[PDB]
Amino acid sequence: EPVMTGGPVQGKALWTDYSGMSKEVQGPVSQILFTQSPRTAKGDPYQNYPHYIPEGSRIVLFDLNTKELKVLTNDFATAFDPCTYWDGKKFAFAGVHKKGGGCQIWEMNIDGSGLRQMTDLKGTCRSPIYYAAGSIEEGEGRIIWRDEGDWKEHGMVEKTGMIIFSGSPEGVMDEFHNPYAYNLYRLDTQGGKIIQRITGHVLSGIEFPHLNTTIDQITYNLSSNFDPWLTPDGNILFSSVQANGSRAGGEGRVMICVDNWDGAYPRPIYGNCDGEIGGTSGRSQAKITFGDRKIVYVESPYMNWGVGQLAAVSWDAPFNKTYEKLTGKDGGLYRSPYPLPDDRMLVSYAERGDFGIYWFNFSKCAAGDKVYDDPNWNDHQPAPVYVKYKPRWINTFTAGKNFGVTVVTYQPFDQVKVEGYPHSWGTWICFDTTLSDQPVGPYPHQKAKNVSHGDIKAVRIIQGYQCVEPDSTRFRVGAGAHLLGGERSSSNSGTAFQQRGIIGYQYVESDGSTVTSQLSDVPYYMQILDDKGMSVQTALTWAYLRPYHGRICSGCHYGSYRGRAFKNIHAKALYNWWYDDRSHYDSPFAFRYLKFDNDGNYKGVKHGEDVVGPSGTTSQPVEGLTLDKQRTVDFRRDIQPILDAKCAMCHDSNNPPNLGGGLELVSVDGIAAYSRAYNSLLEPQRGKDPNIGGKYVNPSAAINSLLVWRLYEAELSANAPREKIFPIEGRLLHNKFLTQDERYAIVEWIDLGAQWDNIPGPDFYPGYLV
Amino acid sequence: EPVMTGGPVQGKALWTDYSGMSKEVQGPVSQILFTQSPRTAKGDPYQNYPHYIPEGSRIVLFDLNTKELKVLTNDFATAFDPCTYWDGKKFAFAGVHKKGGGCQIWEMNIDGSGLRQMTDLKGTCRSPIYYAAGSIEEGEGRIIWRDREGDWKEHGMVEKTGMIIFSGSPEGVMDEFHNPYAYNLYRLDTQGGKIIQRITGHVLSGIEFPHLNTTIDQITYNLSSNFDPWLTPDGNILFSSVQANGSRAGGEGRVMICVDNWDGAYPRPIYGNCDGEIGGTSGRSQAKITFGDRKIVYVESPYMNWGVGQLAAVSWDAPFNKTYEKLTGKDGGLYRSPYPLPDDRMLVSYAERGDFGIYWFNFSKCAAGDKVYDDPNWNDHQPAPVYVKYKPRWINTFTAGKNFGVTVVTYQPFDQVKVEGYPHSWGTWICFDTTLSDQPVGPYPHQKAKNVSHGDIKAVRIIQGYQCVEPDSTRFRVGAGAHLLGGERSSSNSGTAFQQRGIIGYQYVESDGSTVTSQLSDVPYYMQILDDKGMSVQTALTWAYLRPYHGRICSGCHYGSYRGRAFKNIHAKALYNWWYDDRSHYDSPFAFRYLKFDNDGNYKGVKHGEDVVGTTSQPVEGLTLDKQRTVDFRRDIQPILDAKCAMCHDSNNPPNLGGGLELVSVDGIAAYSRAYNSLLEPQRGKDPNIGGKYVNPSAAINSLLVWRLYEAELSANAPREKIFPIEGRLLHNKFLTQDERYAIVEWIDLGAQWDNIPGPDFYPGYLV
Ligand code: HEC
Ligand code: HEC
Ligand code: HEC
Ligand code: HEC
Ligand SMILES: [Ca+2]
Ligand SMILES: [Ca+2]
Ligand SMILES: [Ca+2]
Ligand SMILES: [Ca+2]
Ligand SMILES: [Cl-]
Ligand SMILES: [Cl-]
Ligand SMILES: [Xe]
Ligand SMILES: [Xe]
Ligand SMILES: [Xe]
Ligand SMILES: [Zn+2]
Ligand SMILES: [Zn+2]
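Which chain is which? The protein sequence lines are D and A, in order.
With the authors' numbering applied, the first sequence covers 28 to 174, 178 to 642, 651 to 808.
With the authors' numbering applied, the second sequence covers 28 to 175, 178 to 642, 654 to 808.
No lab work stands behind these hints: they were computed from the structure.
All C-beta atoms in this analysis are idealised placements derived from N, C-alpha and C, irrespective of residue type, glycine included.
Careful: at least some of the hints might be erroneous.
Chain A regions said to be covered by chain D (calculated; three or more residues, Cβ under 8 Å) [what the hints assert, rightly or not]: (1) 326 to 340; (2) 413 to 424; (3) 544 to 556.
Derived DSS-like pairs (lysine-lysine); straight-line CA-CA distance at most 30 Å [what the hints assert, rightly or not]: (4) D/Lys-479 with A/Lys-479; (5) D/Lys-359 with A/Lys-125; (6) D/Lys-667 with D/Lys-762; (7) A/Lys-633 with A/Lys-684.
Using the sequences provided together with the hints, build the complete structure.
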């Protein structure tokens, strides 16, 4: 039947309609594949979701007729996450082999034969799915490329598809300090020659020669991205954890979103914004119905749980008006929903707690007739066999790591090894930086004051540093529990903000437009700045650019990437982007420093000492591509000496705050992490949300910080830190105590999240030791 | 061991120390009682909590040693909620017998003999506990009273079994979530009223069960469910209360841990109901207190109506955020029904994957410890270990139950209705400062619409809530106002989350901000402070109740005097207006029916009604339930709109007030008129709980409509960015008289309902 569009004949859908032809191409379903896990904390660790390794689990095939069941995975100690191929005669999954090798991606046919190992990766791998690019019809396809030059066929490749999966390295911590950080990877199954078929060059990334496969990382988020799936328009639907800093009451949120299979254009779908339903509930295992086009997902009571109730929001219009509750009146737990083109669904359901496979009933808003339920197994992840129609494959302008593809001749190129760049780079542009749907408020993701065109002088670009602490004696979690951070603090910072550094600064045009070139394949976010160089509004999220890629946005959280059409805007920055035919991008790279006038106003942007094979492929000087020399503000190395020199003299235990004591660690509740000055400055204030700030300090807002208010001796923002600020008796002007560099160093420190240890891993600077 | 205080000897505790004496009197634990439930949605309906009737369940006795189990409940169709007596040789529970009779309260010896039915009620009964009042020691107490101007003499004696506090719901009622149950706490005389007669000198007033030789009295009048009562160290009742009132708590509501006296004289919050606290909308149930470190331990469910979930704890001595802990506390499963022992051990009902069992708790590993007993075919919960319980101190009661007070002078019981001649039970309350609050200036109804000082608050509006009762199923529909502000909690009666209400009356406020008044007793109520225009500046969202003859004091308006702070020392004018006369119970003025204003509509004074009827020196007013005034949109507002508004307001000139009382179909539901739908319409970028375009429920002063009717800026909260148009402006202040305008004001402050008359009536409404 036709769904999205009309067909050539009444009763039949056009070939451009995915959900319409998945109807017809499906075919009868006699058989189903599903995962059986032992019932144990460690047998079914859904509480650790996305990081899920149901040790001792098997993937099994059950036919709905004779009702036989066969175990395909018997060679594996652990097996889970079944995903069927297009024809339905084979599937891919995640497993731990009895011979070892860790938890990796595997694939085998439906009969149990043809076992092949996809991933040798060091880390954990799960959630494989088939996204076929350049492969529609079954067969072989041609590899063509260019050498004055021509386009020649160099021979062929079997066209099967690509594998999109979630994976995480080891010795890594997320923003919740869990010992995993997941992300999305695209995998060439032919050894990189499918990418070479599409792009004209083999996939760049981590290579697995012995397995004849290649992997590339399409999502750089510092927290876990997981459960990838297919959108009707041919993109990747998945779940993303945004924990960044104090965002969303400090507990962050798990959103359903989509991204291109090369990770070129990630955008939110539902759950990440204020006003939206579900709060801190976890959203996982999201799939889309064919008939009514609804995104159906598991809504877990707890953020990290993989089981819960069933929620739905229309894919066409993902808003609160289309939200609905599919379950919850039987008090049972649901997981792993699987919509069918027949407008049926297979759900894993535990009424009183024994999980089994059941047909879903939409009329009863609950689980229907039983398929297969073993009392000795949690039966979940149903994956029925049938012919799946194939989503559209979008053109990729990246060959993967360090590799871009020209927009002119479409020729793959390596920015590092060949062109001589220190690191792969890309661009981004905002048409209006003063344009927002956010009001003026105390919270860092809001405006600290009204800003018009010309009010925003420049922008700060910050790169998130992953938290890696191999030595457990040099790192402790919850050392700042008495401070603003709470349980999300650590030996590194007294706030919820983890270690990060400055990518660099970029000026803003008078109309509020800005554009810049910067590092790629790295997590980053940005802050709009006033004439004093302080952040008015902070973007709390993790953005990433693929090599040579660039990204546009209408405004600052204006909704252009969420719920609203692009506003038509003619911007100055557009003419600063690429004007030269011999260049990839003519847009300026992020500047390292700032220059101010005598009054402390913003004079402009200043170059650093990192300037750079290299080729002539850009007009502007190359700055900030060296990861080694990237600058950050560390409290011990930078701020503390300033405090000792210009402050601690008049500030002791008798004159709060107490800045004395130097770098000597102060024991709090049996934990010695930071010094006296840090503990003093990060101290909470009664009646104030610590997610906003403390007495003297507001993380990621300098303009809202009482300390900065006093250092500039003025009221900087529309949010007052407290009722009485400037004493009417015995007041002392603090504005002349510091130079501009020191004061703005403090400003930068606060805007960075006011950390303590900003240098990843154990270093020589004072800190937690046992 | 000494806990709260030092004892007579080192290592031993004073008898005044409840925790310590509980430690010393406990003894070794051998046998335990617990509930086994069938595993089904119908067999274990913990999603319907507080309303829980695990049909098919049984109560069993298990030996921790010989490991042999026995079913004591075999004669019952369903049994649950076991609670052991002080000696531990008998226990009380809830359930329905095979002979029928419904779900009731029973008690039985733990050997399985001596069954007795403590309750025969129309409704459902749950979670009985023993509260020993007048009985510390085993034996017979003597009954003594005054001879009606004679001496005090002894009449008879009574076996002292104490009393029984339980939670129960009537038949055919709806809560504020439109669930078909409303739970409240009841005290029960085990001896048939003569325990109360021993304490008071008159038998317990309330519903009598002469066949069971028992009597019950309702101690909590909250419109939503109060459930799972327990014992505090200081001798009060600890339980969970549902505060759903109106649009409060983001239109959701909260389940709070709170305490009250066994007669319900002094309800106060412990933890969970206030902004800035932890757990949000999480359900809080089955709370108990640890003996050693004195910590309240409760089940925190992710869903408000769920009875299973995690385990959290807060200090009893200091119930604040700083003392909040999450006991369990990670992987992988669910917890329910914790039971802290005096020896600091604990029994929890734990499900690792899917099925609950009895487990010792491990505080070091923050999870379930060694296994006690689990059947795979049963869900094993509600552990009730057998040991000796130390009796908490019993507090003096000044009420004999319904209509009955007890004087503070001679201490003799008196009936306010049958004898003294009052139409209804009446208590008093006093606030020393109505301008004193911990709340900031904000758009939400529980906050201040504007800054107010002494003298700025002229009077107060006292509002009685009406239980939602709809016998006819054809004339009532839930979710009729889904397109309006109410959302899912709306109905045929209201387009808001506010259910049906009425005005108890107005009371003036002294220049120092103090106020005192006499009003109805044993009815749910709350109040609003009013400015010189008679509009609510701040609304108290909760259900207060007064027992007969009982006064209730508070320092301020949500100031912390009843929550987190000490009473503020205040010398108030209202204090002298309370009781000055020898011949009177209370000399405080009753709530006035109306308010009278000046020419422009500013507050002049309070005006008596026609409901005015020698134990008080003031006119008795507002004690007649049938005469209680409310504001109905159809009867009161809509006519005014038709006469003075609908004229030039049509589809072309929004809002559209035309069409009269004719119903409008929205999403296939015909509930309200055109004017109601128009005025209750939501606004983009505005929290529906705050209000809509023209109407903010329970704030008139924040409403755009009222802003235009007075043609002025009323509050510090702007309804929208552009209020008054620049061109084409027309002044609306002269269109209405003060009566009509303030009628609209009253309508909005009441929650802006549609049907304010409970049950099916003759006025237009939903019909199918
Ligand atoms: C009976 C007392 C009423 C009520 C309750 C309202 N009106 Fe009127 N109205 C008229 C005109 C020309 C306007 C627009 C110009 C202006 O607002 O000054 C209005 C506007 C309103 C509003 C505001 C709507 C909004 O801003 O969105 C409201 C809430 C309102 N009205 C209610 C004209 C008349 C009129 C003569 C033609 C009469 C009589 C009324 N209105 C009566 C009433
Ligand atoms: C002696 C000349 C001082 C030097 C050197 C520094 N401060 Fe100071 N500070 C001093 C006084 C006498 C006071 C009293 C209050 C006032 O406003 O004069 C303060 C106060 C502060 C405060 C405000 C504390 C509060 O309001 O709670 C802050 C935030 C502060 N001081 C910080 C500060 C810094 C960063 C300094 C180094 C540049 C510093 N002080 C030096 C006296 C003296
Ligand atoms: C002003 C600062 C900006 C600018 C210039 C951009 N964004 Fe956006 N962004 C911003 C805020 C305040 C937030 C929410 C922060 C919070 O919730 O605490 C976001 C969020 C995002 C997200 C996450 C999904 C969402 O919230 O919608 C993405 C993805 C995102 N922003 C992308 C994005 C793009 C493509 C931009 C063009 C350069 C862009 N941001 C600019 C604020 C700001
Ligand atoms: C000003 C209006 C008052 C006055 C004069 C009193 N109370 Fe209190 N009340 C008030 C507010 C704003 C709230 C919270 C509303 C919300 O939505 O959260 C309350 C609530 C209560 C409660 C519930 C527990 C709690 O929130 O702490 C109780 C119990 C309570 N109020 C009792 C009470 C008493 C005994 C008073 C003395 C007469 C009293 N209130 C006065 C606002 C106000
Ligand atoms: Ca099973
Ligand atoms: Ca470090
Ligand atoms: Ca069991
Ligand atoms: Ca009615
Ligand atoms: Cl935007
Ligand atoms: Cl108070
Ligand atoms: Xe269509
Ligand atoms: Xe961003
Ligand atoms: Xe109240
Ligand atoms: Zn957002
Ligand atoms: Zn409160």
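**Message:** Can you confirm whether chain D covers the segment 413 to 424 of chain A, using C-beta to C-beta distances below 8 Å and requiring at least three such residues?
**Reply:** violated (count 0)
**Asked** Hey, D/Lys-479 versus A/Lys-479, does the alpha-carbon distance stay inside 30 Å?
**Response** holds (23 Å)
**Within 8 Å of chain D's CB atoms, at least three CB atoms from the segment 544 to 556 of chain A: coverage verdict** = violated (count 0)
**Prompt:** Regarding the pair D/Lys-359 and A/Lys-125, is the alpha-carbon distance no greater than 30 Å?
**Reply:** This hinted pair holds, its Cα atoms lying about 28 Å apart.
**Prompt:** Is the hinted pair A/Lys-633 and A/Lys-684 satisfied, with a Cα-Cα distance of at most 30 Å?
**Reply:** holds (26 Å)
**Message:** So if I understand the rule, the pair passes when the alpha-carbon distance is 30 Å or less; does D/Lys-667 with D/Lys-762 pass?
**Reply:** violated (42 Å)
**Asked** Count the residues of the segment 326 to 340 of chain A with a beta-carbon closer than 8 Å to any beta-carbon of chain D: does the count reach three?
**Response** holds (count 3)
When held up to the earlier numbered hints, the structure conflicts with 2, 3 and 6 and fits the remainder.
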